[PDB]
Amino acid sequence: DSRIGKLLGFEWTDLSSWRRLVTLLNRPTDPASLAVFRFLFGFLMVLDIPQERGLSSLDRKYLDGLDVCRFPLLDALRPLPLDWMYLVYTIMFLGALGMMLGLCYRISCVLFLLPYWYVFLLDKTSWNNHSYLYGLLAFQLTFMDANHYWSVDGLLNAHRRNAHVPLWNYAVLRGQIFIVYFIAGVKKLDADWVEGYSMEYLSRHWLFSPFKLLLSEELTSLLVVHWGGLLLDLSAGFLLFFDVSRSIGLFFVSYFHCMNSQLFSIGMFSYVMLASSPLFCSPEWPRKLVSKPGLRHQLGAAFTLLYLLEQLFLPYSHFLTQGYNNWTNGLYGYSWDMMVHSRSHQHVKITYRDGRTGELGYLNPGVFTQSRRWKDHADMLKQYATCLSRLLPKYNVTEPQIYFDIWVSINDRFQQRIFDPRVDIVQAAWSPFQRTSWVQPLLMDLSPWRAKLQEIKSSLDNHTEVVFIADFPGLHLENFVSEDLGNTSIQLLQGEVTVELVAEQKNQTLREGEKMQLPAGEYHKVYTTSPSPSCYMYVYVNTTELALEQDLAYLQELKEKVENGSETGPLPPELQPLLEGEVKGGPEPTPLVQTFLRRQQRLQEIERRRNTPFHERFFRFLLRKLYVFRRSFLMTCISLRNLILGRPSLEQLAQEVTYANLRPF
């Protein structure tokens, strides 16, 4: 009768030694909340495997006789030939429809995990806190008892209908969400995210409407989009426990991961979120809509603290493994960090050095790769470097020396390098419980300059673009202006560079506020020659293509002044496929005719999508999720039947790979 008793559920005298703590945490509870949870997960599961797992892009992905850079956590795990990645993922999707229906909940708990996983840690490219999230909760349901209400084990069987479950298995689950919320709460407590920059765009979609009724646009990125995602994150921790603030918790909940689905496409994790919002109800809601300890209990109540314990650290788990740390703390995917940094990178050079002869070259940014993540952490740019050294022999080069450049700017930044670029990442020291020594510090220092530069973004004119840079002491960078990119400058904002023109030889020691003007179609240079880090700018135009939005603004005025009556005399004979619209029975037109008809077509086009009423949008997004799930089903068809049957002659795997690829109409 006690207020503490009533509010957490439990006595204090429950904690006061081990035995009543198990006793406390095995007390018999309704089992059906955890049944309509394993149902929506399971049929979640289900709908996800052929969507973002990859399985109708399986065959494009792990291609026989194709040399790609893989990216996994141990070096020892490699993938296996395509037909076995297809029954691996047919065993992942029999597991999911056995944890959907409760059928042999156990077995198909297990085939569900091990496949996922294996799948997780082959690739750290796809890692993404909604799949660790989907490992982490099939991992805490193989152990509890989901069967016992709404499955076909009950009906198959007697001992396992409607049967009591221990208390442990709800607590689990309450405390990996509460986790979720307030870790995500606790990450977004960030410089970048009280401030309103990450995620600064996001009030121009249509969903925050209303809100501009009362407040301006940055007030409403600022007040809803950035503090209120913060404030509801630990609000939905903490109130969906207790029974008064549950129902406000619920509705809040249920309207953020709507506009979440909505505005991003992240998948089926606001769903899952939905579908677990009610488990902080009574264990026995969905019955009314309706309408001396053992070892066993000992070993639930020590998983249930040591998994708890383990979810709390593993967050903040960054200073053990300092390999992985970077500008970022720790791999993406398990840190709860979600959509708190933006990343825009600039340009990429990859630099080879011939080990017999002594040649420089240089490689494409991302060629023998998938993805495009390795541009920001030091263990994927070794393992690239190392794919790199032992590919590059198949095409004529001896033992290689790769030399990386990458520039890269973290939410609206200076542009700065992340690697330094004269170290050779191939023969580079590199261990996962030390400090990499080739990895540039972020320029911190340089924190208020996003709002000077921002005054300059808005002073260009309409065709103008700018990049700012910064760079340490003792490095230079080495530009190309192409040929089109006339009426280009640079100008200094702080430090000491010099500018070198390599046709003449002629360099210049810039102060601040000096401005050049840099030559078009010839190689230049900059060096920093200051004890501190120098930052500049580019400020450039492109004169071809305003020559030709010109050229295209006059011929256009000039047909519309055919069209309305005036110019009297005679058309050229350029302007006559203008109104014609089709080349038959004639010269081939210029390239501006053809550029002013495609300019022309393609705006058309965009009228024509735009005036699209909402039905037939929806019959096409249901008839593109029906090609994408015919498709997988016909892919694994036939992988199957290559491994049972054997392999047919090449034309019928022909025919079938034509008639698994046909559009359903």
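Just so we're on the same page, rigid core means the largest C-alpha set that superposes within 1.5 Å between forms. Positions refer to the first chain, counted from 1. What changes on going to the form deposited in another entry:
- Aligning the rigid core between these two forms and inspecting 142, 162, 342, 282, the C-alpha positions shift by 2 Å or more at one residue, which is 342.
- With the core held fixed between these two forms, residue 28 has its Cα displaced by under 2 Å.
- In a rigid-core overlay of the protein, residue 309 has its C-alpha displaced by under 2 Å between these two forms.
- Once the cores line up, the CA of residue 432 ends up less than 2 angstroms apart between these two forms.
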Given for the second form:
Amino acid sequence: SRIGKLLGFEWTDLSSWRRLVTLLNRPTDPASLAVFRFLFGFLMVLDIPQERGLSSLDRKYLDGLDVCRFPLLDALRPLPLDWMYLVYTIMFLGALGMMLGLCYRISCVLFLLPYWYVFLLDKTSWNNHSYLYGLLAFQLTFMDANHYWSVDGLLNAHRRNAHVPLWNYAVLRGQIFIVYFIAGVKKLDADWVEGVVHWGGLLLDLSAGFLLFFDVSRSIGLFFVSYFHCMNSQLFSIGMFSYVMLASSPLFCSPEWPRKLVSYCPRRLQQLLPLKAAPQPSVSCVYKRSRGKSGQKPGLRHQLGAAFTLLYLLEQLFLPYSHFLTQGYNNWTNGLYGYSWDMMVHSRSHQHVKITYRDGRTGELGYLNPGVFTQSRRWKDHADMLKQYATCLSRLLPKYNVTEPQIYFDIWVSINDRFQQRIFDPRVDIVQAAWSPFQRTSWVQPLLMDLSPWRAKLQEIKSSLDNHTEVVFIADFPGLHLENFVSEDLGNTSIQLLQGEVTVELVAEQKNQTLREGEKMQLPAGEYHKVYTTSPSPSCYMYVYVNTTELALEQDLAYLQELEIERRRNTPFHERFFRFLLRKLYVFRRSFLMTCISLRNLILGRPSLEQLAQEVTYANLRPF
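Having seen the form deposited in one PDB entry, I'd like the form deposited in another entry now, please.
Here we give the lone chain, stripped of any partners or molecules.
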């Protein structure tokens, strides 16, 4: 039958629940699962010092510092520094136990728990791959993969070579197909709707997933996917996300490829590892008992092992489209980067920030430099992060001779490069403003992306644009006002008005000249620019200027005209690889000695400050 070979499960198998559980729980060779678990454990062991930030844990979770934090849950406070150098060692032990196999369930739990404790602790450190590693660890906890090529096999008589159910491979393949197919779909929806190499990746996503499943296509599919994933390294700073998929692909091959690979390619010894004759029947595998009397009755380890696949794959498919349920996290474009399998927005051009505060006792105004406390910049363009920042400042300022201060932000984003628009309302007090994950926020100003004839003049002017100038479009809301002191280098500055009316004011001659729909006004340099909007509709400006003195100074340069990358490129790959190995050894050893110091502390007594300083200096010491 065509269904018999293509789509290996027979069509009549999908007839009842009791047939489905039998279909999912059927014996299969565990050879591939062992290799995948080994490589995943190896990679998770390797990346912990570098990417998860064990080398730079002292500089981030210091003691005696005052820093605002951005946790997913506001009650999930971090542990002290010397009780946080230990959870990473617990995580490392769990990952090593994953890799080898010793106490596989315990090692899986010991790696799972701290990873999801330190992942839901900084919303500014969520990537697309960290979520994937967490999901893979969560899957591998429940699926037994020590049945072949494991140390735990040599200390037991039931895991040397056994039969795993099929739903392990089913869940792994389904999860990776979802990863390959959801990203491709999101690449389509985003690109041509909000509006080469772009189409190549999209077609690769969808075609690679689909063809990699269906039988004859594996060789070409493996070639193409492997080429793409190997080339994506040294082109994106994604980390080890490429290597996880380069090792997640040979799980779409027949589940016996290691056994067929060892056979040929002759050798002198193939008997040190257990000789591959045949697996052994397992306990958790529904077998075809004699139909004369009755069939096997599956237990809880089969029915639950079948229902978990469905209840997990459906939820995984539903989650990346759960945007409409979490609305408070939704800024203009990207709400809670992470569980989306799509790329972020590159912070547009955030520019000017004007945090100001008023004291609740003396009623005095004060200015704060942007980002005085925090360690990240992502708190700026987010409604869920700005509230946390304001609340942290409200908590901490009363220790600086203030009391219940009221804070106002003025964030002038640039959506692409020429649409300066107030993303956050100046007039609202962020500390006492209501906020909820589901209910829509009230102080985020609605987008005015086009909302104007700004996409016509945009071109109608470039034909008439002279030499070295600059034109900026600014959209303003009703009931607010603006200010921008102009320098002493921009000449012929002028404003053209598109929607509504403006009340341009100069503080020097004290002029309050209003404008109607269409009026050219020449404004001087080095003066105030108090522009007010009185119309109920948002306005639009045509701020145009030319550096008239730039032509004068560039003529002087033209008058005179009439009057270690190379070293690193010439050098071959040997010394570059040597430098890579040296820096990796340095970071690994720094992590190891710092962890050893923190482990000695709070286990024994803490020694004197002199020894602490000496050993800290010793750890910093760069080798050669």
